[PDB]
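K.L.:
What follows is each chain in one-letter form.
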Amino acid sequence: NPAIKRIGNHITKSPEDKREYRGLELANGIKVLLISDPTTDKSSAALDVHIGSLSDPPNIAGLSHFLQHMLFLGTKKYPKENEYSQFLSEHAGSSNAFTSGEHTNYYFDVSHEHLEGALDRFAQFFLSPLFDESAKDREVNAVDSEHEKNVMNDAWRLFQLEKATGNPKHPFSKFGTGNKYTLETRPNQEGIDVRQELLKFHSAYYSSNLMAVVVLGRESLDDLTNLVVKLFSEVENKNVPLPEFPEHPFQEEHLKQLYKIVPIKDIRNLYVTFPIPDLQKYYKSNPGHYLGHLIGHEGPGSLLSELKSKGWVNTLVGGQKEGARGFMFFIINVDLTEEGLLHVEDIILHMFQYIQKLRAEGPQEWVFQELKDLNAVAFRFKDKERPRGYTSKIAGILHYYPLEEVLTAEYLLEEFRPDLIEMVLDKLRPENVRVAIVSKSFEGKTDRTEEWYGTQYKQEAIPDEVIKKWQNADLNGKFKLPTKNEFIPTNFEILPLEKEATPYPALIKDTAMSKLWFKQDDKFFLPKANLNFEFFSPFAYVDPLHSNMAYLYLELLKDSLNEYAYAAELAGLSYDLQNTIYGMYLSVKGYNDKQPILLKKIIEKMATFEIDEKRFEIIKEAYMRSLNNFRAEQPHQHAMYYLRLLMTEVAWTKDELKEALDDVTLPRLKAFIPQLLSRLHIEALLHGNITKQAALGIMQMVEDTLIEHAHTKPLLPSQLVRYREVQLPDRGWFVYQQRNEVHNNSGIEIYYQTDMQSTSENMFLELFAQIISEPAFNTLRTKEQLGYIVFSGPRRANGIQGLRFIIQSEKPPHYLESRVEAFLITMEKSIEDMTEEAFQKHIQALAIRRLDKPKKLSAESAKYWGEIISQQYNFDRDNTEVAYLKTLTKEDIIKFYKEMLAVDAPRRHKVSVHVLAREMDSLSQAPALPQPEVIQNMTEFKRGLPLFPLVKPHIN
Amino acid sequence: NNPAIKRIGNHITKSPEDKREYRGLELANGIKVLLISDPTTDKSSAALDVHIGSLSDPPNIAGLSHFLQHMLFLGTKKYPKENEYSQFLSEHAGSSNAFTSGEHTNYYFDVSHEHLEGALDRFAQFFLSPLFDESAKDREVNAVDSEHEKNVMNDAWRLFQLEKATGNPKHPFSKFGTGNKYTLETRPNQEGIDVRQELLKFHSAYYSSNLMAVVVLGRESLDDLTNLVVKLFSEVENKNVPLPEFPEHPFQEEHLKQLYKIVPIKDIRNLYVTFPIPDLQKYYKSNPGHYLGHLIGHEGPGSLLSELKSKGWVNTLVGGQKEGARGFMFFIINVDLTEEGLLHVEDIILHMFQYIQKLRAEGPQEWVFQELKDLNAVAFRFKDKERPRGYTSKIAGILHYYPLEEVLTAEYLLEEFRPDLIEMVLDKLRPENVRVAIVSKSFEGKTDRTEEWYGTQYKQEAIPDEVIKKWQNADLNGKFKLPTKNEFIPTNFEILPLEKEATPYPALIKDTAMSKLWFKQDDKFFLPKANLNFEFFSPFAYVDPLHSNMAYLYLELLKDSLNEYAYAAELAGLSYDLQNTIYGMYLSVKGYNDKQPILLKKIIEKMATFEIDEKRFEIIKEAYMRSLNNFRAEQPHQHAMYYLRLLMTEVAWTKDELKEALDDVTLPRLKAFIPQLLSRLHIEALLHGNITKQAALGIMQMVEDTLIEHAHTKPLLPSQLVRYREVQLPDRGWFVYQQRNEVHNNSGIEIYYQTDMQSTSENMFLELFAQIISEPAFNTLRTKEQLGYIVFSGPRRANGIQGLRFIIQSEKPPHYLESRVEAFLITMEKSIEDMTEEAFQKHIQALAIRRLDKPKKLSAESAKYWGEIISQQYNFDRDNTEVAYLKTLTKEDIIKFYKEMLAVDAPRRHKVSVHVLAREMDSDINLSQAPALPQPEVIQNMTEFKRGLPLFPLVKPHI
Ligand SMILES: COC(=O)NC[C@@H](Cc1cnc2ccccc2c1)c1cc(CCCCCc2ccc(NC(=O)[C@H](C3CCCCC3)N3CCC[C@H](N)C3=O)cc2)ccc1F
Ligand SMILES: COC(=O)NC[C@@H](Cc1cnc2ccccc2c1)c1cc(CCCCCc2ccc(NC(=O)[C@H](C3CCCCC3)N3CCC[C@H](N)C3=O)cc2)ccc1F
Ligand SMILES: [Zn+2]
Ligand SMILES: [Zn+2]
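Taken in order, these protein sequences are the chains called B and A. Residue numbers for the first sequence, in the entry's author numbering: 44 to 965, 980 to 1013. Residue numbers for the second sequence, in the entry's author numbering: 43 to 965, 977 to 1012.
Misleading hints may appear alongside valid ones.
[Unchecked claim] To be clear about the criterion: a stretch of chain B counts as covered by chain A if any three or more of its residues have a C-beta under 8 Å from a C-beta of chain A, and this derived list gives those stretches: (1) 111-119; (2) 574-586; (3) 995-1001.
[Stated by the list, open to error] A short list of chain A residues far from chain B (calculated; beta carbon distances all over 10 Å): (4) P172; (5) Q232; (6) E493; (7) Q762; (8) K854.
It should be emphasised that the hints constitute simulated quantities derived from the structure, not laboratory data. Just so it is clear, CB atoms sit at the ideal spot from N, CA and C, and this is done for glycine as well.
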């Protein structure tokens, strides 16, 4: 009761937000944000400790991360380690945590009815944790699993490298993840007891004065106040001074430096970094966001436009980057063409030229006003968040903003400060520049190796003559400030719900040219709409060449429209356009206001598109590398790719695609585009703040624009063919084996093909997947330690389904095969032995997952789109299937497992894909497995088997 | 020596390549005989040709000679049983047939070589003691009426009788030869005429041995055949009947300079030009009509056709002499018409007269005659061995026109050049002697006459003297020039020695990403010929209706542009076919191997460097549209078979989709399509004949090099070489697809009982059941129940799958045909239960012999090899393997198979029916009990049918 230091004033929110908020500070120093939502399906809480990796002891790298994993392992009130995860498993909840350089954030979600139970378990870890020594080894192996995952990832390698080139005395040079070496091998050699140092670090840094708690639930602000006071007033205050790092990790000796790095994928990137002071205090004016907007701009007269026109880069990322408290960065990152890689000095000269233009022309208030106005719209009409991510995020921002500004934080801009823009800009100079070039052209040309990832690199001082040239940069007439953004929305009217509005999408047009699904939004009432279009053409996937031409076409289309579309994206109007195995997919999402102008520009450009030869050659080269770079993808990704090729009627391989790519000449592409658009079928979904008439008007405008400019005619119904799944023989087992040449981990996908999708077959598979879900993770991952990726669940494709297992392990594929099979028998027992109460808990847990209500329009549109892309159109599926699921018995599941999934099942349809590790050679009792039929040639495999029928669509 | 033999002919001129032995003789009763000894023959044959036909019919019964044809072979005093000859032949792998023309009635049969005497004895009995079973009178009248009812709906038969109806009505040429229900029943009954008594009067008046000719072919020696024929045909009664002669031409002055406007059934635009001529038969050693037909009907540069095509009036032309009867003949010039041609008939005829007058001005050419003589000399020498049945029937006719020694050289050898005779014939080709007939639907409603026998709507007009004058006065036209020396005439007839590494079946001698080459050097016929087959694969030939139309148009324009050059090769026995398929293009080059690489090079170069002429493109595009619409006028059984292929194949474009897409085929789109089609290909070839391994490899490389060079051809990926699958029918399912034929008033049906994928066992289970039911299906459904004119049964094979099919065309509704077929399968189930092991082994043996039956010419062997290649099974030794398995089969194996797959209540029944309704139709009697049939699932949309079903795998290859 007197355990509250203060209660904040009104928590500034959007008028559209019905959730009720209350900010307060407990006597111990804990900053609190309470969120009352009587409608919420799930309740949630989050605690963020303002201590992270940058505070790790130098002798124990990754200790903050280690403590994150250890803290939630038993308490005095709840001594069992399983208690927290078990309680959330039993009440449709989840939990997760993350460690950054200055924060350790713990969070969970649970069924709205069980907030007190869940929060009670959570709070105890912050009162009397036990840090159980039984799980010490397994948590160390978990931390090591995470680091080993990131070792071959080019982004994590670059992330650590930057840290290695700065001041080695600075906490910024620290390795924050940790691994087996830093948490076991080195402490043991050095005579460090990990447990006493863990306990030590905890005692010194885990103080309430550095903690922020966020609670979201059905309960009122008052009941939420009472609960948070009850469970968090006991958090010990040690009055810890919040760590600051005001010295920049890049001093004079770390500047005017050039780095030459070797990547894993065939990627070519340039990274330009300027050390800057911490700009967080100026958040109400945000001069870094201001400069980020201009330097990063993609509209006409932009730095990017000229860099692209010069044929040097394709993409650009610019602006402020976080460091820690006391130090930040201003970055200008570009990818490089083959010509760009030879014109790095020229690229950086253009970057400095652009910076100089902003200096000569000075700050612009109209630009800042535009940013302010866009941010206000974006905040006002922000989509509703899933509570788990909402609490976690707020727990962090509580440490940086007054209680009342916690929601507006990342949005509201106020005073224009030209003084600060001038200040930040004055730091963007050649004397302060850091350059990093990433390219395979440096293989065998480097002398240094980064210890944690093995990254190969060289370091050079940039010559004074180069710095002088960049300092002396002329003024370029190609660079001009962006003009006023005509995509800024103004019409925010929510259209009244029509008399004839429907709960699900309805077919409001069914012609030879198009099938139109429409639903006026009756849930979110934000001034937005989602416009999904599926274009069908037999010429988009007829052969590898055409598949490449479909891809090149849309990539060049997007490239040409970019300068125009960028203003729309800044204004909350975005689109996606990609080729499919059937034609093209187009999606326009955001504010409905200017939506038809963007859409009409896109349909027009599709049909009157004139290709720039220089861009075509550059996009073709980037696509060749992209096809090659798949070799550097994870072995499980490879295993899942090989199974889609094997099981789909028609599927062109990356090898066939890259082989036909050389035959894509410009005259062939120019000929392809009219041929592709000559005959189409359009299937659309228009969902949102729109009427039935407006929907018809949109569809009609897309047809009319194509008919006018491309002379489009409808396709024949007989031409609208969908690919079938390969029908496996009863009691058959096939294996397809390949090698991953990059990763030293194995990849596997095991598919037990069941049958064609139907209400009954769907829920047999979904309930069996629900039953074995937690156990497969506990047995195969927790107990057996097979690998970081242990996945099980239903697999659905082309109207067909089955059960799959996906594993990425150090162990061989044939071994994982016997382990999965061992588990299948272990579950045969576990189902016969479980109680009816336990069985009914699985049915309830599935029904809850299946009825999870979308929190935003996009999530609902995606669910409707799923029904459309599969041609099933079962919009009421969830309700029907849940109702059917509740009528299932334990016997039904036993009958099904016996007929389809058991080792001795009469209708067993097994197909495995084995992806060997880079260096790889070519417990419960595992059952006797037959000799597999090995697949040498995919064409012959496919030819030798029947093809399933295609699922019959659900009709009104 | 023999008193029954009037005279034995001298040496029968034969080909030096022919191993068969020949003997000509005349019996004392006047019968002219040819005996053919062939110890090699699998089937023996005999034919009798009576020099009496339709032209001799009495006025009271039109079609009597033809009715006699049917009645004569129904019982004899020695073999009273009506169906003896039929059953005997059927029991010994034989067959029989007959035809009645205006001057001949020809009866023929074939049988297993071990049963010539048995078959010949029953055959001879019809010319000694016929009975004409009064019980089979009505069924014969119905058979004659069904035959005419089929002809009524045919454009060529209509024109045939209409030509006869526009001559002198008083001349026997105007007679209706077929007969029908009216002439054989309706009319004689209304007049008290005794059909039988009048039939017998005719037979007793005209059937005389001095007007008869007999050919016997067997494994027996010439001497044994001599004794056999003397024994069986010397007792045939001689009534010394005089040979009917027709010296007066049926076309007299009043039938000349006449114009006819005719309405056809199909949307066809044709022009027929005719001139009466004396009978030229007796000039056969010089053949002036052949010489003139060769020049008038020429298609090489300077030809009449070339100029009619350039003017855009016609696409095709046929020209030459046409048989009439003893005493009269016709000279014809027939062309089809473009839309413009139909408007320029007067000009087309002027051009025809210009070419004629040019021949007159140029005068006969000895060198032209020499080429024809030399070509015919090559043709006779290197002639393919004829099928025995057709061979005897042909000679039986020819025996009436030529001395015994010349019956084989008859229609081949040219001796003396007679420029005077050429001149005599050309003198009759003048505008004052012309007859002109235009056939077009543009005349519908614009006519006033009706030819009553067929119902043909026509109009007759005299040709203005004004028009005749223009034709008579036609200016000289320089576009008409005589053909030049035919450089394609073969000279190298060397049979290359059989290579040391020669194989009995084709061998894969080239296996690349671009091409699969199957090759076999001929080791049986040793004739200087070769067959070159190429299947060019492309996913763009059938990707959609448009591309399918473009592949069609492409190859039609290409055959049209190569035609002038190709025609000389065709005359020199070097022919080619080029067609689009559902997988790409098919090319076959057949004939004398000599100049073969030259023609092949020209076809491939032209394919790769094709320059389309806009005028031709529009004409061919217009012809194709009509060809697509003309499918509506095809018979209902043809429609039923087409609909089933649409339904059962993974991908298939309908005639309506093809014609909907045709208007989009522009000249720029077709020009873009060709390099696209040829850009990526796979070539699968079969080269079989008088060629070596080196020569075969050189041919394929030349084809590849030509495509690579001019079309920049690259290979297709093995994953792109996808074949279409058959639809997999559900166990115990019955599906029905129904449509209507808007032209014919007869139903069409195809019933398909899908079994399973082709395999040694499945194939022979189906082929033995098909063997067992084959004859009974005909005798029951066609002969006894009179279901229809068309009754067919046998295995169906498509996309590696098989089943049992029934194809029937009837006047009765499709659902009634369904019950009769179903009752018949019950009769067949009972029949197999009841049949003796003896009768069962006879079925195994009849099938085994049929399957092991050796090909008699190179093309028949290559076709067998091509069948294995196109199906991608490549099982060239199949017959030996399948016959060996078939022989192990028991009666129980077939009952088990019938019970599981075909029975009405079979657990794995897979029935699909196509019902084609008649034009005007809408939807005990001591007969077999039809079973309880379920309600069929009516297919409304073909796409939904295919989507809702699995697709079978494809058969695994042998190689
Ligand atoms: C944090 O991880 C890393 O640091 N990894 C390494 C570094 C490169 C690095 C650098 N010097 C090195 C010297 C030596 C040795 C190694 C080095 C390594 C690296 C950096 C990044 C950058 C990550 C930080 C992202 C923070 C951020 C910064 C700018 C933006 N703007 C925009 O989004 C702007 C936008 C314009 C409107 C106003 C607000 C900003 N933006 C929008 C999208 C497109 C547009 N062109 C644009 O612009 C966004 C995020 C990504 C990969 C990478 F490997
Ligand atoms: C016997 O059948 C018929 O008679 N049917 C009727 C008529 C139409 C008709 C005609 N006048 C009519 C007046 C008034 C009212 C109605 C009429 C109706 C008709 C005739 C035919 C012709 C049938 C007889 C066939 C005899 C024949 C004649 C010439 C040839 N040459 C060639 O094949 C020549 C060949 C060149 C080398 C030397 C030998 C001749 N030939 C080769 C192929 C192509 C080339 N252009 C060529 O040329 C062939 C057969 C075809 C259809 C048709 F409806
Ligand atoms: Zn971790
Ligand atoms: Zn007949």
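K.L.:
Please list, smallest to largest, the hint numbers that this structure does not respect.
P.N.:
1, 7
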